[PDB]
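**Student:** Dock chains B, C, D and E against the given chain A, drawing on the hints supplied.
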Amino acid sequence: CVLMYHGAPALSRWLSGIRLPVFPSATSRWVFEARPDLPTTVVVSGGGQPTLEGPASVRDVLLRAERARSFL
Amino acid sequence: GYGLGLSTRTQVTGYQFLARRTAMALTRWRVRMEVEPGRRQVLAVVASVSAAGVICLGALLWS
Amino acid sequence: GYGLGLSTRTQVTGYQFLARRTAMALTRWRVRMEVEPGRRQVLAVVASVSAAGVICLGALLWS
Amino acid sequence: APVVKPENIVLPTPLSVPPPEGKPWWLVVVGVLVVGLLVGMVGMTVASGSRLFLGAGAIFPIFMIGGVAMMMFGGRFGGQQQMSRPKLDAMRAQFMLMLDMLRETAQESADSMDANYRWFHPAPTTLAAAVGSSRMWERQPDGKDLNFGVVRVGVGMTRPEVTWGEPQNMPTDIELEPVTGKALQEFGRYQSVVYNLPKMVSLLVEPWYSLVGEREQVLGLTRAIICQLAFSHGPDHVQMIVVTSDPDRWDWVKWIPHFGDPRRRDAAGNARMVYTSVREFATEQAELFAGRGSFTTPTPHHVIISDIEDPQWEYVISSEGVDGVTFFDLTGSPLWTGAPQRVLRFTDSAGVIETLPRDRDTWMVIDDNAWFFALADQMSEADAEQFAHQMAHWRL
Amino acid sequence: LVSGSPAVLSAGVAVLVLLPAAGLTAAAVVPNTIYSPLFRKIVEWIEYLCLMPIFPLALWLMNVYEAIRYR
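Protein chains in written order, with our numbering: chain A, 2 to 73; chain B, 4 to 66; chain C, 4 to 66; chain D, 705 to 1100; chain E, 160 to 230.
Note that these hints are calculated values from the structure, not bench results. Hints are supplied without guarantee of correctness; some may be wrong.
[Stated by the list, open to error] Pairs of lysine to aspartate or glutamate residues, derived as DMTMM-like cross-links and limited to a Cα-Cα distance of at most 25 Å, are as follows:
| id | chain 1 | residue 1 | chain 2 | residue 2 |
| --- | --- | --- | --- | --- |
| 1 | D | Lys791 | C | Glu37 |
| 2 | D | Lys791 | D | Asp877 |
| 3 | E | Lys200 | D | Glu879 |
[Claimed, not checked] Distance windows between CB atoms, simulated:
| id | chain 1 | residue 1 | chain 2 | residue 2 | range |
| --- | --- | --- | --- | --- | --- |
| 4 | C | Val38 | A | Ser46 | 54 to 62 Å |
| 5 | E | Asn222 | C | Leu29 | 36 to 44 Å |
| 6 | A | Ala11 | B | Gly56 | 45 to 53 Å |
| 7 | D | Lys791 | B | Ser51 | 23 to 31 Å |
No residue lacks a Cβ here, since even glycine has one placed at the ideal position from N, Cα and C.
Isolated chain A, as found in the complex:
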């Protein structure tokens, strides 16, 4: 448990499914203008609600962080 106290932030990163970026080890292309489009959240009543917009898949970081905290 004394070791585990030191490894507890790392394990709580790992269990929360946060994953650090892949690295372009040999692809040699660094510019990508793909501009990821909005995921859009339809309001559950549906009728007459103009649907809302969030910036990307990266909106799941806000969930994963709160999970990491709960693990830790």
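**Tutor:** Coordinates of chains B, C, D and E only, in the frame set by chain A:
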């Protein structure tokens, strides 16, 4: 970059750096990283383990 | 350049380089060569053989 | 009114790192020999057992007391050198903090742009304020003309007012350090746009638009457009026409003063400029103009809306249009869809408009490929009717 | 087959049914997942570390060390 493809040692340290920076962002809520006690105390752990190993060897030499 | 004419050591390494690059082109189908595991594992073989030799000498000293 | 400012910020240069060359084969042989000697010595101390030999065999090979310093010659002889790590990690951290400072600068710029755009382009629901900020846009080609002929149609991406200057002096792709390089890639990728700002259509650059998709999506967007124009532009600057086969869907527009024909009067006031057929054009006043030149201002800018699906438009409408009038083709047909830059296509059920990417400033098409444009600010009939009951209260 | 121990039988059938099943799971998982550059170095070094022992162990099988100690 899926799968078990090769990786360079500069990427190994680059990932370990991003892991430490994310750990500091997790336990504290600052990412200014000019000094980092996490490393310092895991080095203290390493000192504890290596000292136990050394004394274990020093115990082996008796007969 | 036929026959058994002389060759310089810089040509010896130049040929061995082209041999490794051709071997990598043969087993894999990429020739980007910034890192090469072929060398790394033949070094591991060399470590195995040299360790066996060393232990064989360490065995010789007993009588 | 709010403020907004363009900026130019050069991105920092990523770190460089020389790729390791790899140790020569003899070094491995030497290492194995050194370990062989060490184990041979200690083994012969165990086999000899006398405490003198057990002392001597450790006392003479204590070399690490200097070798910890002599590690510095590793970079001379070419041994493994993992020890440069701390300096590189400091460089990484430093670069990252610099990037954070740039990111927060982008954030504050994007907040300024957001405040400005939403001030100029409130959401359709919020237009029920109907006083104070109502009808405040102006004819004259300076100032308000930057937003006189433009309508908020949805929300979506736009390019920021900060401009990312090139990260000059990029190292070569083998020297490029993975972390800082990847981080800069991600910065350029995501700070390329501000998300969920009002997306705008300019009425002054296309002769018409044609609306392709599901009927209630198209109608809801059309009601939103109409109420946006009605709030933002007075009846003296913009007049409106609806040509329809289904007037029950359009019964709410009677309250809006912009549909009032100043020329014909009835019991209720001005005549409603809603017609049931293109043949029912008894105006002939919007149909004596010439072909239309896209602006780069007519007295009223007539907006004619059609969901009649009549082949007779192509007579009074050429390939180029009419001068002071912009058109909106509901129920998208091959007559009106002859220009993809004019087609707003509901690709997803929520009302995702795709069309061609246009320049934020000139509204001119930048490239011909259809792409994500907006999610439409669709509005219900009840909200439109409610806004119309608000707008009917005013006569200025 | 050579040994008649039921424990040997159980171990043999266990490895025969698990190890290719583990290979199947590896084949299904590995190409889809990401992995950490550190783990990728461990999975590299696993190779060299399982390479190295074989020559000393081979010499143990020939009893070269015992012959050179005695002869």
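**Student:** A separate judgement is required for each hint: does it hold in the structure or not?
**Tutor:** Hints, one by one, checked against the model:
no., hint, verdict
1, D/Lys791 x C/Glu37, "holds, 24 Å"
2, D/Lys791 x D/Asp877, "holds, 21 Å"
3, E/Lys200 x D/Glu879, "holds, 20 Å"
4, C/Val38 x A/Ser46: 54 to 62 Å, "holds, 57 Å"
5, E/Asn222 x C/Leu29: 36 to 44 Å, "holds, 39 Å"
6, A/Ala11 x B/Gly56: 45 to 53 Å, "violated, 23 Å"
7, D/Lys791 x B/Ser51: 23 to 31 Å, "holds, 27 Å"
In summary, the one numbered hint that this structure violates is 6.
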